[PDB]
Amino acid sequence: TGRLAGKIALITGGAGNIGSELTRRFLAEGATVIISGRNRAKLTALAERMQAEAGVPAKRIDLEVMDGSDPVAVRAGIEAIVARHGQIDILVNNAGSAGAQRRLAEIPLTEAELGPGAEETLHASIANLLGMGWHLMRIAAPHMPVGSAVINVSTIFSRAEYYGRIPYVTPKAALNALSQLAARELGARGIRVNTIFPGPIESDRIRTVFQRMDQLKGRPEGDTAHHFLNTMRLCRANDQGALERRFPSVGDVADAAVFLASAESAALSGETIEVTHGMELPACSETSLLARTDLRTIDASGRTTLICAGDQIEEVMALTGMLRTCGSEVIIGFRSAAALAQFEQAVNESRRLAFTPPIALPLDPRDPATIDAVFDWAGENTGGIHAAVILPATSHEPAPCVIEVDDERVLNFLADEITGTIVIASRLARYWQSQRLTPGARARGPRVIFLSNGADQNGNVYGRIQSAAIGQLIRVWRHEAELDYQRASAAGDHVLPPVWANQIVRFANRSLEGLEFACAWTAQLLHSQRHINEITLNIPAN
Amino acid sequence: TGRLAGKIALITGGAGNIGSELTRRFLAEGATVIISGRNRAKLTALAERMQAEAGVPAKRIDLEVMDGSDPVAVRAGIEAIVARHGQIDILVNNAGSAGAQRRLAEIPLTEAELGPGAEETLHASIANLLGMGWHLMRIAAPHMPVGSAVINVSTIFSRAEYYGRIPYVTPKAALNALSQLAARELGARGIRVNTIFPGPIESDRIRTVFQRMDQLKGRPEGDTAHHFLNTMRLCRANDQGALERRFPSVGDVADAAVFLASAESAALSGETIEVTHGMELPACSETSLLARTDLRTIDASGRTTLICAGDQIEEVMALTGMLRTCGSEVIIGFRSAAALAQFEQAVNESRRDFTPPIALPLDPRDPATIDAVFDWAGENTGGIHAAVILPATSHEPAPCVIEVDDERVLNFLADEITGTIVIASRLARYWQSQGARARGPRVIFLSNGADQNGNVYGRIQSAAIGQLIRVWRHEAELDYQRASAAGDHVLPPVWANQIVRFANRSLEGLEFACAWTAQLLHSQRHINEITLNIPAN
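Each protein sequence line maps, in turn, to chains A and B.
Counted the way the deposited numbering counts, the first sequence spans residues 4 to 357, 361 to 548.
Counted the way the deposited numbering counts, the second sequence spans residues 4 to 355, 360 to 441, 446 to 548.
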């Protein structure tokens with residue numbers, strides 16, 4: 004009768020390799036699975052196929068045609084599913100998008116900009132890989148009884164150096180953060196959330212996609228694959244009984260799925276299981292900023308630093324103050340036209356009790375023209391852009407909850423804080439690397455810091471999701487910038503040095519001196535000769 | 004037929020709630036279980052009850068009577084187990100003896116020093132809770148076919164503040180690190196190693212031991228209990244359908260065990276599963292020393308520092324140089340009788360412009376010579392105020408943790424693990440045995460530099476020292492605040508950190524790490540992170 008007998012499982016990404024095996028195996032374990040997808044012919048072909056493979060009654064298989072990106076299509080779809088079945092016992096977030104396969108500078112943002120091998124926009128990649136699971140957890144959760152299971156399917160590569168794969172890998176890093184936070188709020192309901200990290204799984208498709216990554220790098224046959232096989236601790240037998248490092252099967256993923264769906268995992272919430280044959284990859288890239296800053300870096304003379312901000316004007320004031328004492332010129336770009344307004348008002352406060363405030367220009371990720379516009383002005387007036395500090399689009403988080411939240415806010419957090427932050431970086435990377443092919447005599451070196459908002463009573467839940475995205479972006483933006491550097495140097499092209507980046511998290515501090523402390527290191531890190539290795543730099547309570 | 008059908012499982016720690024429920028459950032999934040233990044009456048008693056409990060044939064159960072601490076006893080026992088059954092499919096490392104329950108100053112080291120409520124030596128607690136699983140993993144491995152599973156059962160509290168529980172919690176944290184490292188070497192044999200972290204599991208027993216922990220900490224009923232329940236993210240239903248935060252059951256733990264013993268987890272190695280109702284605990288408490296030191300802390304005038312080391316003569320010199328410029332006096336106590344030799348040899352080379364400190368034997372094997380060091384310090388240097396503790400040996404004993412002989416592994420346990428807790432406990436007892448105003452004692456444990464091994468023995472050692480520090484701070488805070496209310500004028504509480512330099516192998520990094528050691532011992536502030544990392548620079 005099977006281990007999931009009588010339970011109702013919803014599986015997204017039913018078409019994909021992994022989604023198909025999860026369906027066949029849950030059917031064999033006695034579940035009624037509903038597969039959800041975008042094309043009505045595709046699901047019906049799959050469901051007939053998955054019925055035939057399982058050897059199961061007809062009413063035990065079902066489908067719902069949905070656009071998992073649209074939360075109102077999700078409300079429609081869930082209501083239909085409930086009305087036939089009453090409740091959902093397992094929710095499996097599979098999400099088969101693979102992302103555009105391009106470097107950070109070359110990522111597509113609009114359909115016109117779309118090309119071969121890059122079939123979705125960035126925002127579509129974010130809405131598929133991070134939005135979809137988020138919307139289900141919010142809408143299905145009121146129909147899941149005490150004892151239910153959410154399963155989120157991530158990848159191992161969301162924490163690994165994965166060349167050219169930012170639109171895929173970054174919303175995955177964000178989803179992990181989403182899972183842990185959803186475990187808190189759904190755990191208080193008796194609903195458990197847990198996560199699977201498949202390694203490289205066996206496919207005909209994955210064979211070609213390691214090749215495209217190999218071609219994007221310099222490197223020959225087998226390169227990306229042999230490297231990850233070598234992080235594997237566990238060898239396995241072949242038919243002759245010899246040991247070997249190979250990829251896991253799709254059935255391995257489904258074993259971990261069944262366990263996490265059945266009542267044999269009833270006491271677990273917030274756990275992760277890496278189906279990788281024990282690929283060993285470093286987990287923590289953090290450190291505390293514990294030392295005093297020492298602004299003896301008047302080396303910032305001539306260099307000019309961009310501040311991407313908006314609505315956080317206390318941070319902008321200190322940031323320009325620090326950077327000016329270093330000798331750096333500052334350009335400041337407010338992301339919403341509103342933020343310019345009360346900033347001009349703040350300088351009006353400055354004119355009382357009075361000396362010059364900096365230049366403010368529009369800098370909007372929705373309208374990537376104004377980013378390119380800012381670069382052009384900087385070349386004519388301030389002699390370039392040499393460093394950037396990037397802030398959250400908003401000062402405060404939209405809501406205290408990750409599950410119990412309206413539809414509009416969640417769509418805004420996706421467009422503003424996640425896609426919009428990637429956009430700024432992708433224009434930065436192309437800027438510095440379209441110029442690196444220019445210089446003749448000798449050049450300085452570019453640096454980036456992402457500086458978060460201060461501690462919040464929410465526990466900074468939305469900020470922490472954003473932080474997980476910024477982290478994995480840096481991991482890959484360092485890696486690409488380095489390989490593009492050494493490669494373009496093989497061309498003999500005297501190129502600007504590769505971009506370095508860090509982020510400073512302020513979540514454990516909410517003091518006025520805490521702000522000045524964090525802004526001074528921002529100025530120190532943008533223009534120092536040395537660098538810090540850790541990706542995330544934490545400022546303590548002090 | 005069941006999920007472990009035909010599989011041969013050796014289960015240590017067969018008695019007690021978790022070990023028993025694992026035996027009955029493996030029997031229900033069709034395995035033949037061998038339970039391993041110390042008393043033949045207890046094992047034969049265990050086999051009959053669980054034979055009756057499982058409702059399973061007799062030849063399905065078996066026992067081996069052995070001293071799991073003795074590797075020569077293990078060779079005898081495993082070879083015999085193989086002789087009855089041919090092979091081993093599952094190894095479950097349970098152990099779980101609770102250790103002697105005393106504060107670091109009062110922990111027993113010799114049978115005479117044993118007392119009521121403290122029934123094991125320190126070394127015995129280490130030989131049970133860390134060695135046994137280690138020796139099984141080494142000796143059983145040549146009898147485990149490709150596809151086998153090792154399950155190491157730790158506790159969630161191996162990362163927790165547990166007043167009076169150092170002999171328990173410190174070898175568990177060590178065993179964790181040991182598991183990860185062996186996954187590399189056993190993975191190359193086709194063998195899985197994976198780890199279960201039970202939370203506080205429900206018993207009538209744990210009710211009472213939370214009551215005793217409440218009493219030692221001075222805090223009232225439920226204080227220790229509510230503290231762990233409130234970290235739990237996952238609620239569960241009661242019989243009437245209402246939600247509540249309660250502890251997991253014993254069967255919840257055995258569900259995860261069956262998963263990790265069965266071929267449904269065939270692609271897993273180096274994983275951990277926390278059966279905790281989603282207890283939320285901070286994972287990383289580490290930080291990098293990124294700044295340059297600044298020795299304007301002549302606050303060390305009059306204060307005197309003990310250096311515990313041996314065979315690391317370059318650090319011993321760099322340390323005395325650092326500490327003297329701060330104004331501290333230095334005593335050096337070498338851990339091996341060898342270490343005196345080449346130090347006395349090096350100083351003869353220099354003088355044949361350098362004035363060496365007094366160098367004395369200081370051996371945790373013989374805790375008498377520790378009291379000797381304190382005695383000289385009282386007559387001569389006006390006391391001991393700060394300590395630096397270094398590994399008993401500079402170079403790692405072996406490149407492997409599994410393919411390694413018995414003597415080396417036994418020496419590593421005696422010196423680097425039991426011997427390092429020994430030093431800490433006499434330090435804590437010294438400082439706490441003691446009208447106007449007082450200064451404050453400080454400790455830093457300094458690791459060896461980077462190794463071609465990746466420092467596997469160093470990482471096992473460091474993992475224990477980390478949890479050692481957590482509880483040594485915790486006890487010191489409560490021991491202080493309590494004893495001073497009695498009106499006894501005692502020193503302020505001990506603080507400690509460790510400096511791990513495994514990611515650096517340059518001489519300037521060596522000087523950098525020695526400099527931070529001196530600064531941290533005599534500075535007024537303190538660093539909260541327990542583990543302090545020096546980068547490559």
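Hints in this document: simulated from the structure, not taken from any laboratory.
Note that beta-carbon positions come from the ideal geometry of N, C-alpha and C, so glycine has one too.
Some clues are possibly wrong.
As the list claims (entries may be wrong) - Label pairs and their in silico Cβ distance ranges: (1) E352/A to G446/B: 55 to 61 Å; (2) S339/A to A494/B: 20 to 26 Å; (3) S304/B to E522/A: 51 to 57 Å; (4) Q492/A to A514/B: 19 to 25 Å; (5) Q463/A to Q214/B: 32 to 38 Å; (6) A191/B to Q492/A: 31 to 37 Å; (7) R516/A to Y491/B: 54 to 60 Å; (8) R299/A to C407/B: 45 to 51 Å; (9) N233/B to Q463/A: 17 to 23 Å; (10) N233/B to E410/A: 17 to 23 Å; (11) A514/B to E522/A: 27 to 33 Å; (12) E386/B to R516/A: 32 to 38 Å; (13) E522/B to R299/A: 19 to 25 Å; (14) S304/B to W383/A: 58 to 64 Å.
Stated by the list, open to error - A short list of chain A residues far from chain B (calculated; beta carbon distances all over 10 Å): (15) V59; (16) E82; (17) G190; (18) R195; (19) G244; (20) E317; (21) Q345; (22) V416; (23) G520.
Hint check results:
1. At roughly 57 Å, the beta-carbon separation of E352/A and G446/B lies within the given 55 to 61 Å, and the hint holds.
2. Taking the beta carbon of each, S339/A and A494/B are about 59 Å apart, not inside 20 to 26 Å as hinted.
3. For the hinted restraint 51 to 57 Å between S304/B and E522/A, the CB-CB distance of approximately 34 Å leaves it violated.
4. Under the hint 19 to 25 Å, the C-beta atoms of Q492/A and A514/B, about 23 Å apart, fit the expected range.
5. Roughly 35 Å separates the CB atoms of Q463/A and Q214/B, a value that falls within the hinted 32 to 38 Å.
6. A hinted range of 31 to 37 Å holds for the C-beta pair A191/B and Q492/A, which are about 33 Å apart.
7. A C-beta distance of roughly 30 Å is found between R516/A and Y491/B, which places it outside the suggested range of 54 to 60 Å.
8. Checked against the hint of 45 to 51 Å, the pair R299/A and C407/B passes, with Cβ atoms roughly 48 Å apart.
9. Here the CB-CB span from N233/B to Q463/A is close to 18 Å, well matched to the stated 17 to 23 Å.
10. About 21 Å separates the C-beta atoms of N233/B and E410/A, a value consistent with the hinted range of 17 to 23 Å.
11. Restraint check, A514/B to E522/A: a C-beta distance of roughly 31 Å satisfies the suggested window 27 to 33 Å.
12. Hint check: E386/B to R516/A, Cβ distance near 52 Å, so the stated range 32 to 38 Å is violated.
13. Range check, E522/B to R299/A: about 22 Å between beta-carbon atoms, so the 19 to 25 Å window is met.
14. At roughly 60 Å, the beta-carbon separation of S304/B and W383/A lies within the given 58 to 64 Å, and the hint holds.
15. Distance to chain B confirms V59/A as a non-interface residue, since its nearest Cβ pair spans about 21 Å, more than 10 Å.
16. Listed as a non-interface residue, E82/A keeps its Cβ farther than 10 Å from every Cβ of chain B; the least gap is roughly 25 Å.
17. Not every CB of chain B lies more than 10 Å from the CB of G190/A, the least distance being 4 Å, so the non-interface label is violated.
18. With a least beta-carbon separation of about 6 Å from chain B, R195/A fails to lie farther than 10 Å from that chain, contradicting its non-interface assignment.
19. The beta carbon of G244/A sits about 7 Å from the closest Cβ of chain B, which is not more than 10 Å, so the claim that it is off the interface is violated.
20. The Cβ of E317/A lies farther than 10 Å from every Cβ of chain B, with a closest approach of about 27 Å, so its non-interface assignment holds.
21. With a least CB separation of 37 Å from chain B, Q345/A remains clear of the 10 Å interface cut-off, as annotated.
22. Once the 10 Å rule is applied to beta carbons, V416/A is consistent with being away from chain B; the minimum gap is 21 Å.
23. With a least CB separation of 16 Å from chain B, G520/A remains clear of the 10 Å interface cut-off, as annotated.
In this structure, the hints that do not hold are numbers 2, 3, 7, 12, 17, 18 and 19, in rising order.
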